[PDB]
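We begin with a single chain expressed as structure tokens, specifically the form deposited without 2-oxoglutaric acid.
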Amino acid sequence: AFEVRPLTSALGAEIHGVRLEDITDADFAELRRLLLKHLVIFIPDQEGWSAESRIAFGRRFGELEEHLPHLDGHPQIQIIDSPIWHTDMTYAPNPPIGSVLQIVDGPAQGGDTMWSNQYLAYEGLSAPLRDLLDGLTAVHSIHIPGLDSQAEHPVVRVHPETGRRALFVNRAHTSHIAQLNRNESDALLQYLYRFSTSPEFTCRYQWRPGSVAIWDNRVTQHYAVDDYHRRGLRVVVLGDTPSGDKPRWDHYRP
């Protein structure tokens, strides 16, 4: 078994002795299990990871997103270049399952990424509040010049592979709770965003060249710190369907 060095009690772990290039299905299974346990894993010293290897590794988890700048003749490998808590693309009915990011160059310090644990954010709530959120759904939307999209998702979702409940609201894309009036929804979401990202549920990763970060976009939010040029390669695994309880109330009608 690999050597694991966790970041925080909540989530994140650095995995050592991994060579993603010609990795075996057996070693990959151990990584899928560590991802489920730790929610976000960091594999350092992966400089020189080939395009074909990056593809097949992402392809192990599911379907990749294809285009946004990409490596020549590899639209599944995105080019990240150059500050709010968010869960990737939740304004869509089927948000991504997870992502694989590799910082290929940059400064030794500055540009840290933080991740939060939505299992603990849900568990941390008291029982009357956890019951209330189980029967609620929220609309997630984005309205920029080249995109007007939205999607309803339960406030509390179950991880399909863990069977554990997680909060499914994020400051960036969550618009409003459907079954509550806009005012009640504002007040409740304001508390939930503050709560869900309290230090106890997060981890902060300092990037090093060659570092790979693979995370679960079902049970985490992430935040890129604006404390500092940086380039990275990102593969996006799609296929999420945030499922939860049947809402116990009709949509709020004004």
Given for the second form:
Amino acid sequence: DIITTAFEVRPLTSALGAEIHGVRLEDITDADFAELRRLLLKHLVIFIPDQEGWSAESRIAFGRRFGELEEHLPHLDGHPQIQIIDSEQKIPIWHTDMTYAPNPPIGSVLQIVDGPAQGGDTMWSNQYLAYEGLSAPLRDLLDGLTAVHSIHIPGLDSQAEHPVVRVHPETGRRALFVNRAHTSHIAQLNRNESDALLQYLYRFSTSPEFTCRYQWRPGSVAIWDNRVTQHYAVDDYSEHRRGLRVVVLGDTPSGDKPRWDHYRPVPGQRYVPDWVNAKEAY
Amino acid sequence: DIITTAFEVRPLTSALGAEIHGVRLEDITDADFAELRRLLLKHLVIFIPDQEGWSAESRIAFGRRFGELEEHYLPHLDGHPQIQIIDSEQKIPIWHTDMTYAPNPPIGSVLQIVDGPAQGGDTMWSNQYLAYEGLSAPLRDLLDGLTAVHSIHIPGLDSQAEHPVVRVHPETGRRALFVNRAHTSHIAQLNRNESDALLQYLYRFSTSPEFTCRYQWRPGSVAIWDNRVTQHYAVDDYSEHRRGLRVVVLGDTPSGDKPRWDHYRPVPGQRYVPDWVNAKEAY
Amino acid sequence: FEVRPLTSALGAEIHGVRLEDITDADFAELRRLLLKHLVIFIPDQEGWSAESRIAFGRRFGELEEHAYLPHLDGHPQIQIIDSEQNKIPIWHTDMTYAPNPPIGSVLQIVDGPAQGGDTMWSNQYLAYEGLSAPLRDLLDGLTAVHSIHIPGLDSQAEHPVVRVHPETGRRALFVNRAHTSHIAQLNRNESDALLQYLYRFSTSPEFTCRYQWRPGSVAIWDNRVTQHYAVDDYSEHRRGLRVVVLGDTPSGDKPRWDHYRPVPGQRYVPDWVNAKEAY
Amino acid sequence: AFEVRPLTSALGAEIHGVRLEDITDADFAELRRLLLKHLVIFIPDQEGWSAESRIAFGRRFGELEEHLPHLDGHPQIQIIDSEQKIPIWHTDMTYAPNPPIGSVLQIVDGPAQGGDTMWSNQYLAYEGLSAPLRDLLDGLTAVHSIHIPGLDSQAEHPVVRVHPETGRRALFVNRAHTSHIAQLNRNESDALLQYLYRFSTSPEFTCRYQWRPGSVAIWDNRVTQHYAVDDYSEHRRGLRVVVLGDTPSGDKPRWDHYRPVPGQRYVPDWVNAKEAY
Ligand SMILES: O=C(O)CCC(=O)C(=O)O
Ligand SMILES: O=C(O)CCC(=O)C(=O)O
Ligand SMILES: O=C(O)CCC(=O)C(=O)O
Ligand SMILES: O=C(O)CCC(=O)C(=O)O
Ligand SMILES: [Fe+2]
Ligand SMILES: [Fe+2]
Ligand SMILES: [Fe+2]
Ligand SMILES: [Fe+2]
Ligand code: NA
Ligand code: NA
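Other form of same protein, the form deposited with 2-oxoglutaric acid bound, not the form deposited without 2-oxoglutaric acid:
Then the entire complex follows, led off by the chain already shown.
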């Protein structure tokens, strides 16, 4: 339904992703930006090649066309809004950014400025298709559920409850809103039922039929909508890999009112996972 | 190869467990004790009914025939730090071998349920000899060369220990699996993802019903089990008050083959991403 | 009668019964106990006559005349369960691949070892009730296909995932590992994941009992709301006599969704490995 | 000689500056070298490649399969048509005693996006296992089988095979066609194969190729798996030549086959439906 005829557009896969040719971000016009925004709502992640030398001031202004920018992670000297993604300073797990926060980012703009000629691909997945591919009884179940997303590390403790199925505010289409990295458990199920259901959803939602895989070339820029995607940074390289990122704040994942109360354990109830995880990491 | 003809013995299952009749623990003789010890090495867990009123001094002396007794943070009978009080009001249904997160787990325990319902609260035991012997030869060969880290991290108790995956029983010379769901963390020579897959298989296989027994407690019943070669599981199907008296015999050193490989070495920054979901937050 | 429950979940041993000439009023008490305890055990019934065994089964309904299993000579209704002549170490509910599974059975182990060969049963009411409310609500609206495909026997049937016991009105899970194939309104991969969870949860030790057979003991169980499992831990000869009561018609809610419809050429690729060849 | 653009660290490379139609013996040697290095290579812009040249090219690698519809007068050139697919990781025909050593595939009709093919590096799948597990697998074999109307075949192959040219060891099991490991019981086999299948197709071991008109893919079936993504509805047609003659070879097994007892039954620990679609 969204018309996007200005630039030359090369889709990556049927599910999502498109490379946009004929764009120069440095001095982009308002009209050209509006077209990129429509392409982002259509393709969920878009790639802008050959943008070497993009000035810091233009990079920040571009991000601010989408919303307020986050101030984190190292940042570019003189620009707290430009975050540094440096392999010498890696994320090979499917995730949606910062969903342990009540208001995750709406999206990001990432440019790999130094990297290997091969290795270090990034994958994205289409959470609309992950929801739409579930059968009707399961979609109906998930519409009424919420999940807790959490992180507990030194210096960062956060948790948030979000609908399992969210509407995109600017398309009105429903998308799965759970991810392996940050989702803990479904709130209305007991933990063992939650484990079983999330295990299925994590695998199904990152099926190759729902993903794209991008090979970075120096100067390439990726822009993605964090509301309706997951992504994964492939850890297949030893070379130095360095990226500049701006992160657009302000999502509020919203869906149906939950149709059941939170699961209430009895006093002293213990969670015994059905599947083994080690007690100690590396 | 162990002869045990003195008492009336009623085995529970083919795998393990036997109820011993005609026994009075209160003033047991040395000869009768030697027979009970043989029955324990043969049957792994034995049950002695009708022992209501067993005196504290006699219970302690009985335990001490097996080894040194644990004394400790846990309520105990007045004047007897060795006799622990177990109380449902002060419980987790999970297969475990006692305290394998310690370098020296207990040899075994003697437990008598003194208050409880007529049904509910059964305890199951499993035979870790059969769990190992039931694995095919390539897998037994693999496990013989592996060790595993066992650990616990709770308020006031932090402990870990590395044990052979396959231990020999020092007094029978027979080999037994030595991992359990509750306390084993990971196999040391595998990466964590491989470890998870193998332990998941082993935990399920080792508690197959063909390797277990299930005991219904009656007032006065005493259970004595060998912690070197069993797991056990407390069924959580009751709400009534449940109270027991327990003595714990210290002094195991799980021993097996020298490991055939070095510990797995992760690279700097390497991250463990489990293949199977566990929740981040419990109850 | 003196009634001794086995576990909180189900099962009770009944002393003081003589099945051979049981009165109509004593039978009514056994029936009440069966609805309360789901499986009941009657010890000390050695020598129970064939005619009395058949009359007892017929108090519950029509008895099955099996085609494959041997039967006691002269009595097509008394089936033989013999370890030499054939064991079933898999959780199952009897014949759920049929549109009308049995409503229960009466089994007596007449010869067996002093240990080994226990049978376990599970309580499918508690299996359903132990699910959280969103999942109970989901299952209430689903059905499942149960099937068997062997030489000489080919049968499938569609049953509610949650059935209402006709006498008690209480809801019970009605899927089992051995004979359930898939949930009809989900795709096969979703079905696999949900059934895998249900199978393991439904046979949790908190929902089961385990019975050690003594020669002469009789078990009577309600096949509408139980599963059972025959432990395969013995090599000695084990022989039982069984009568099977026909006539279940599992009933539950109208499904809330249509069957899942694959597209032409769609392929089922299971998420979990099974071997392509058995033994 | 050529301009070589690798797809991922693990495997795959696109080769520019090639013309297959009249390729010289020396340029073919370079393609062969690149195939041993990159496991699957992609040759764009080969529209119009003649049937006689396509057959001669395949015959440089070995004998060609002559069994599917095919081009008029050329039973070696198989026609693959979506309208006449299953998304599953597989190595071709491993249910046969001598699976193909590789294939040459050109998509001639297809959509601009959709229908990618992924390949995985079975050397890295093996090498990424820890030493105790590599040691175990070295001594095992597996049965591969297929049972469909008109085709029943099974074969036993080493779980770890030595590539005859490179001498490097590669995993040799795949989800589609491997049944079970022969020296384990079936439940142990399921658990180990489940782990191996998922590990071996990790994204760090794979590449994903987007087909363009005229593109030719050449892959070594001895040390790869591949997967056809099922994300399209448009018509998709390819021309394929299959090179026969693998004999997967590895270590003598260190244990005998597992022997069940009479009457023993296999009860899988994980649910599969009894009926497909
Ligand atoms: O390094 C990458 O490709 C992506 C990193 C990432 O997860 C992010 O920028 O949010
Ligand atoms: O309470 C029981 O039945 C067993 C408790 C237990 O795990 C123990 O005493 O070590
Ligand atoms: O042999 C047993 O204990 C039970 C066998 C069985 O499944 C039956 O009788 O339906
Ligand atoms: O169509 C494809 O991309 C792959 C088909 C395939 O599996 C083969 O040609 O062997
Ligand atoms: Fe990210
Ligand atoms: Fe314990
Ligand atoms: Fe049965
Ligand atoms: Fe193929
Ligand atoms: Na469970
Ligand atoms: Na893995």
